[PDB]
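Model the full structure from these sequences, guided by the hints.
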Amino acid sequence: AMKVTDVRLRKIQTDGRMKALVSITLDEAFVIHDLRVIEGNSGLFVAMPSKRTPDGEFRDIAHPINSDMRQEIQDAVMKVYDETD
Amino acid sequence: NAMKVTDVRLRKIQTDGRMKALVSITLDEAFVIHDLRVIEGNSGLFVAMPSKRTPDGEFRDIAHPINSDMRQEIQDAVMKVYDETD
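Chains as they are written, first to last, in the working numbering: chain X, 1 to 85; chain C, 1 to 86.
Accuracy of the hints is not assured; some may be wrong.
[As the list claims (entries may be wrong)] The calculated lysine to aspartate or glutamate pairs, modelled on EDC-like cross-linking and capped at a C-alpha distance of 16 Å, are:
| hint | chain 1 | residue 1 | chain 2 | residue 2 |
| --- | --- | --- | --- | --- |
| 1 | C | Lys52 | X | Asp34 |
| 2 | C | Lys4 | X | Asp27 |
| 3 | X | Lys51 | X | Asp34 |
| 4 | X | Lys3 | C | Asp86 |
| 5 | X | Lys3 | X | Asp60 |
| 6 | X | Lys3 | X | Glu28 |
| 7 | X | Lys51 | C | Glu58 |
| 8 | X | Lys51 | C | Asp35 |
| 9 | C | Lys20 | C | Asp35 |
| 10 | C | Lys4 | C | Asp28 |
| 11 | C | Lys20 | C | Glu40 |
| 12 | C | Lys4 | X | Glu28 |
| 13 | C | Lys12 | C | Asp28 |
| 14 | X | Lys11 | X | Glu39 |
| 15 | C | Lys20 | C | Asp86 |
| 16 | X | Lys19 | X | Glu83 |
| 17 | X | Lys51 | C | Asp61 |
| 18 | C | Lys52 | X | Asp60 |
| 19 | C | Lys52 | C | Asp35 |
| 20 | C | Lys4 | C | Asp76 |
| 21 | X | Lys3 | X | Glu72 |
| 22 | X | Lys19 | X | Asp34 |
| 23 | X | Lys11 | X | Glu72 |
| 24 | C | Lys12 | C | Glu84 |
| 25 | C | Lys12 | C | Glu58 |
| 26 | X | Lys11 | X | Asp34 |
| 27 | X | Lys3 | C | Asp28 |
Derived by calculation from the structure, the hints in this document are not laboratory data.
Dropping the structure here:
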């Protein structure tokens, strides 16, 4: 199964919602940039890079098909976020 | 070595301009990347990566292959479909 093989992030100091900008590498072969760690009072999460669509709303530019893989990415990213000064 | 492009969704665009198609790909039946673009370059058609405009007029490429096998697989899988498309 596909693995997150690298996580690179830069923490941001603010009281805004966006806490870090993140790049992940999948199977040592493909890099996705502009993920973010977001903090709200409902908890921490990792968002995919996204765009405003011809609406209206924002949609992920790149994303897992299966929600289990979304959690996998989040766990891998948050692991590194916690390790980061 | 590379993951496989297991699905390609492609829409041709008709124009004199250099963007000839908008493309979404799926890797190993598990991960989707949208807004790849088939581009007419000086030396022929190629596949460019999702590129997000910044609020200051520049662009950021959101996803790229980081090895040769992965790079060639994207170009090959997408252009294969482009060339099958009327």
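Okay, the hints, checked on the actual structure:
Restraint check for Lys52/C and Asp34/X: the C-alpha separation of about 10 Å stays at or below 16 Å, so the hint holds. Restraint check: the Cα-Cα separation between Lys4/C and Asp27/X comes to about 11 Å, which is no more than 16 Å; the hinted pair holds. For the given pair, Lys51/X sits about 11 Å from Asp34/X by alpha-carbon distance, which is consistent with the 16 Å threshold. With a C-alpha separation of about 36 Å, the suggested pair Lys3/X and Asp86/C falls outside the 16 Å cut-off, and the hint is violated.
Restraint check for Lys3/X and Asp60/X: not satisfied, since their Cα atoms lie roughly 19 Å apart, outside the 16 Å limit. With a CA separation close to 9 Å, the supplied pair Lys3/X and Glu28/X stays within the 16 Å bound. Between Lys51/X and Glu58/C the alpha-carbon distance is near 15 Å, which keeps this suggested pair within the 16 Å criterion. At most 16 Å may separate the alpha-carbon atoms for a hinted pair to count; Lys51/X and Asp35/C meet this at roughly 10 Å.
Only pairs whose Cα atoms come within 16 Å are accepted, and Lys20/C paired with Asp35/C is accepted, the gap being roughly 12 Å. Between the alpha carbons of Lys4/C and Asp28/C the distance comes to roughly 5 Å, so the proposed pair stays at or under 16 Å and holds. With a CA separation close to 7 Å, the supplied pair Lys20/C and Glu40/C stays within the 16 Å bound. About 13 Å separates the Cα atoms of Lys4/C and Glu28/X, which keeps this hinted pair within 16 Å; it holds.
The suggested pairing of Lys12/C with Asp28/C is violated, with an alpha-carbon distance near 24 Å, which exceeds 16 Å. For the proposed pair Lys11/X and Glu39/X, the alpha carbon gap of about 12 Å is at most 16 Å, so the pair holds. Distance hint between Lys20/C and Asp86/C is fulfilled; the C-alpha atoms sit about 12 Å from each other, no more than 16 Å. Of the supplied pair hints, the one linking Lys19/X and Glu83/X holds, its CA atoms being roughly 14 Å apart against a limit of 16 Å.
With a C-alpha separation of about 13 Å, the suggested pair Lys51/X and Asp61/C falls inside the 16 Å cut-off, and the hint holds. With a C-alpha separation of about 12 Å, the suggested pairing of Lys52/C with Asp60/X holds against the 16 Å cut-off. Simply put, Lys52/C and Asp35/C have alpha-carbon atoms about 9 Å apart, close enough for the 16 Å limit, and the pair holds. The straight-line distance between the Cα atoms of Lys4/C and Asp76/C is roughly 11 Å, inside the 16 Å bound, and the hint therefore holds.
A threshold of 16 Å between alpha carbons decides the hint, and for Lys3/X with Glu72/X the separation of about 9 Å falls inside it, so the pair holds. A C-alpha spacing of about 12 Å is found between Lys19/X and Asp34/X, which places the hinted pair at or below 16 Å, so the restraint holds. At most 16 Å may separate the alpha-carbon atoms for a hinted pair to count; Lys11/X and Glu72/X exceed this at roughly 20 Å. Restraint check for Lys12/C and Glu84/C: the C-alpha separation of about 11 Å stays at or below 16 Å, so the hint holds.
The straight-line distance between the Cα atoms of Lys12/C and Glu58/C is roughly 25 Å, outside the 16 Å bound, and the hint therefore fails. With a C-alpha separation of about 13 Å, the suggested pair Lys11/X and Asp34/X falls inside the 16 Å cut-off, and the hint holds. For the given pair, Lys3/X sits about 11 Å from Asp28/C by alpha-carbon distance, which is consistent with the 16 Å threshold.
Going through the hint list in order, the structure does not satisfy hints 4, 5, 13, 23, 25.
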